[PDB]
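Asker: Next come the chains, spelled out residue by residue.
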Amino acid sequence: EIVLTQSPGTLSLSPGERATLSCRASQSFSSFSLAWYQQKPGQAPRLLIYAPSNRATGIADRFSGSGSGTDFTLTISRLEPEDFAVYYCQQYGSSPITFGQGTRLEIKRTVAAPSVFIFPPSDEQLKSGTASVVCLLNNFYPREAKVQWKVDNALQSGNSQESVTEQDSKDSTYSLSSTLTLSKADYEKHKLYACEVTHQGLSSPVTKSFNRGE
Amino acid sequence: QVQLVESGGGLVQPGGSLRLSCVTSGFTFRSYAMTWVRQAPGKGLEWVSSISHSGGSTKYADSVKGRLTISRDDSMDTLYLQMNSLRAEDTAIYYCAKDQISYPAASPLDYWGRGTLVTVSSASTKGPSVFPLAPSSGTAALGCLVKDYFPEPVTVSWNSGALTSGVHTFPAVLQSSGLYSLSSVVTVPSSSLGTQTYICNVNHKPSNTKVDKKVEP
Ligand SMILES: [Cl-]
Ligand SMILES: [Li+]
Ligand code: NA
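For the protein sequence lines, the chains are B and A, in the order given. When we follow PDB author numbering, the leftmost residue of the first sequence carries the number 2, and every step to the right adds one. Those letters in the second sequence? Residues 1 to 137, 143 to 222, by PDB author numbering.
Check each hint, because a few of them may be wrong.
[Stated by the list, open to error] Some chain B residues near chain A, calculated using beta-carbon distances under 7 angstroms:
#1 30
#2 32
#3 33
#4 36
#5 93
#6 95
#7 100
#8 106
#9 108
#10 123
#11 125
#12 127
#13 168
[Claimed, not checked] Computed beta-carbon distance windows for the label pairs:
#14 B:172 to A:56: 22 to 28 angstroms
#15 A:122 to B:163: 24 to 30 angstroms
#16 B:214 to A:16: 46 to 52 angstroms
#17 B:13 to A:176: 43 to 49 angstroms
#18 A:19 to B:31: 49 to 55 angstroms
#19 A:26 to B:31: 43 to 49 angstroms
#20 B:15 to A:158: 31 to 37 angstroms
#21 A:165 to B:204: 28 to 34 angstroms
#22 B:94 to A:180: 41 to 47 angstroms
#23 A:165 to B:154: 39 to 45 angstroms
#24 B:19 to A:10: 41 to 47 angstroms
[To be verified] Derived EDC-like pairs: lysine to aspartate or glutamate, alpha-carbon spacing no greater than 16 angstroms straight-line:
#25 A:218 to B:107
#26 A:219 to B:163
#27 A:152 to B:215
#28 B:151 to B:167
#29 B:185 to B:107
#30 A:215 to A:157
#31 A:218 to B:189
#32 A:219 to B:124
#33 A:43 to A:74
#34 A:152 to B:72
#35 A:152 to B:197
#36 B:41 to B:125
Source of the hints: derived by calculation from the structure; they are not laboratory data. By construction, the Cβ of each residue, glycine as well, lies at the ideal position given by its N, Cα and C atoms.
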């Protein structure tokens, strides 16, 4: 089969900049057998350009394709916020059909520190027999962020999970939740719960904490 | 106005079967080859199968040959995928797509459906519990923790969709228990707390669980 490898895996660019996305093939083939697709989160891929640079319906003239042989390029001039998505290349001239693994185009924006919030377990959850402590890091950039949990000053390692939003449509920031799982007994038998956040936008780490039952 | 809408996915046990369908409108269905593509959670696109305009030529990825069968009913403008002997690694969103020409797997895919999620797992369906993330005692954060459900997906809205500004609904995390959890949060004026009602609307259609939860200080 023809292997298609895209690069870079993630491309971070400012609106107004020109994007150059690469698709490289393990065997040479014709530009007339290549297509590109754009996929935004929660949506299906949409045909972008093809064979080699015909534009699908509704696709701006800022998208163009070039290259031959093994090295193909999708160029996006003057990036607009809507053009940030995952891009896939595809060849259909040799069986089987194959796709590149995708390049994510991320929006570069100005560094922004997170606003941090901590939430104790609800009485309802404790009544149901479990405990989750939640730390929220809101509207920050870049995505890199360290969350450290402490319970009665003991560093918690391995019992939290994190989730991050897609970039916000309006301000291009991220938000992140970190959830600490602890048994109801461990929750009731300790007192001070803290999440400490390190991020480029913060001159020094920020800690949010609460004392259970206070 | 090409339209493609998939159905037939859901949770099924390993070794089980599903019949996916894709109903279409807005183009002369009988004239075009049609294709299924799948996307495993967090992964890229993978071609599954294609069928010629007449149904006389079918093509399959090696990973699915003999277990998946593509077919079509031109009189019903519908494409099908009969899936048998399903495996965990068949878990994916399945997209139906229209080819540009009558021959299969030989042209761009010019229109795609939004997809149907197929989850192949021995775990049972379980509806979530919905817990408040209460605002602390001039902006405040509050939310809902949607805990311990299976399979994906859950949807969350706020105030039946009237509250969209400042909402962040996080991707679900698979817990070590094998159940999913996510949180949805919103930032609001501190001055509104206790006066404006904030309700998170949670739906887990796989378990027919639907909850509206008031979140208060
Ligand atoms: Cl053929
Ligand atoms: Li349930
Ligand atoms: Na930290």
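Asker: Check each numbered hint against the structure and report the violated ones by number, ascending.
Answerer: 1, 2, 3, 6, 8, 9, 12, 13, 14, 17, 18, 19, 21, 25, 26, 27, 28, 29, 31, 33, 34, 35, 36
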